[PDB]
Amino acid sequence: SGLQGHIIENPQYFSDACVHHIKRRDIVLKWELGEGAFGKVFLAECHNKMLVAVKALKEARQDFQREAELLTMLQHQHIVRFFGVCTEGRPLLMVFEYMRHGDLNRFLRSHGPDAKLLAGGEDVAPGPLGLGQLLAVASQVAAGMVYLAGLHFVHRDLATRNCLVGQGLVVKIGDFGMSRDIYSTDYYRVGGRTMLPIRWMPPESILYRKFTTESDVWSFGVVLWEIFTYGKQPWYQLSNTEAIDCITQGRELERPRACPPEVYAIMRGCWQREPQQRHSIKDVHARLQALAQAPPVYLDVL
């Protein structure tokens, strides 16, 4: 296909992995939550009891099957969970856990220093998110990425738009395939239809279309910057081509105001020009999680 972030750009190793099929009588559509080029998302009830987000197919069918066979492989606390397919009737559905707070980018922006309401609530204290919470968000996204690297998957569109936030402030990697419709400003249109997330991409991905665990690490560095900026667009001062110009010359995003120097060093180790020089995601995870769980006395003074 060529679409960065599309799960089917990865290789299928287990061509016989089984896919769970859910009966029509076990699903009750409640209402629409959203809509893109390739589908509609609905809240539903799934029975044997629980709320689910279902993605309805628009139309493709072979892509659908390939997507379900790969998505049955992804089972991890920090990947949005895929429960199966409902193919008896229309629409064809893929069924996922429901993530109440929506996408992480919107969640950051709405709990940041420019938000309207910063009242305390179920999952968040009254101010903007504090350090320990920004660290816990980062850590969970990094943990999802350690899992993907363990299984030889490469995401290619890692960004806060492509993570979801659930109840209890649980952050998982996932999207319903509509980020180019909803956040089209984060993509650079080169083709008649190609849309590249160039502000999250390292030089080798931009120039050669090479994608590895290491270009994903670079993107994770950019995610870190988005978390510590409360969801700002990287290089927001710059047009797409200017950002390419920056990235290519080797300029680095600046330390955000809410980012301690220790955390900035982590970002920087993800942004080495040479892919083999970049930190390993297992080490980034390990450091961020250790920081998230550090004593408040230490974190208060970073």
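Heads up, when I say rigid core I mean the largest set of C-alphas that superpose within 1.5 Å between the two forms. Numbering follows the first chain given and starts at 1. What changes on going to the form deposited in another entry:
- The comparison between these two forms, aligned on the rigid core, picks out a single residue among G89, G132, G150, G168 whose CA moves by 2 Å or more, and that residue is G89.
- Put the two forms on the same core and the Cα of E252 is off by less than 2 Å between these two forms.
- With the core held fixed, the Cα of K282 is displaced between these two forms by less than 2 Å.
- Once the cores line up, the CA of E262 ends up less than 2 angstroms apart between these two forms.
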Contents of the next structure:
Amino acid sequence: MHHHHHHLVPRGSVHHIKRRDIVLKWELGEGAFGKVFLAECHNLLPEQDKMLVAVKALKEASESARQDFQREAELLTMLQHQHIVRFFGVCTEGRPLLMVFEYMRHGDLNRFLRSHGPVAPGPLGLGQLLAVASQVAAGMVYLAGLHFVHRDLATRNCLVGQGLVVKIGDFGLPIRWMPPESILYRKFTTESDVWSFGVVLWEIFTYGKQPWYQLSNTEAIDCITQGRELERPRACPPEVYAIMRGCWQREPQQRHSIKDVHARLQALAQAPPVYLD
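Would you mind generating the form deposited in another entry now that we have the form deposited in one PDB entry?
Partners and other molecules have been left off, which leaves just the chain.
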């Protein structure tokens, strides 16, 4: 499951949280081998007696799932960045096994885009869409620096917190976001992540529409393998579509680097182009 991350070596142990320090509130979601709950966590941070967290309750104990649990936990404690999901630790006393994360008040980015399109309610402006895109790019720069290949970058895997802070996570094939080499040869690299970032940019600028929405899963696969490009969204300025095309070069070595994509987005976010659809 995490074999592709073998070159990543943990410096230290995972933070352990006492079961009695976690107080479950209600389910936030479910899918990837477990339910996610909102909860209160006591004695986690020094200043606050209690705070809200998101808790994933693991469904199994194969015990290949318990082996994957420990490795995943060791990997997540290593990921520490402003735009990467914040992992607090595990609870191993009893069953089910628990993983504790930061609670992100506005939920997933896909639902956030869909509800703020066609917190302050209303449609997100160009400046706000660029700010979202720059934050996701910042997280991807961090992952590329760690030699961490995400493999499933998509807005459904991003979270929105207080003050529109965006963080990348993975809530558990995403063919529509993949380049041809990932679909055909299961080749997942920093370069296939940059392609998915380009698709994330397309999702942002379409307010969360599914890529290749006019096509069946089969038609979408053939279409990506043949080299057809996603159309420019109506809300997308020409400067931003140039970034998408850079992420979508057929040759992985020709794709723009995430450092350059992030730098370009920072420039656009700081001074948005005067663009009107």
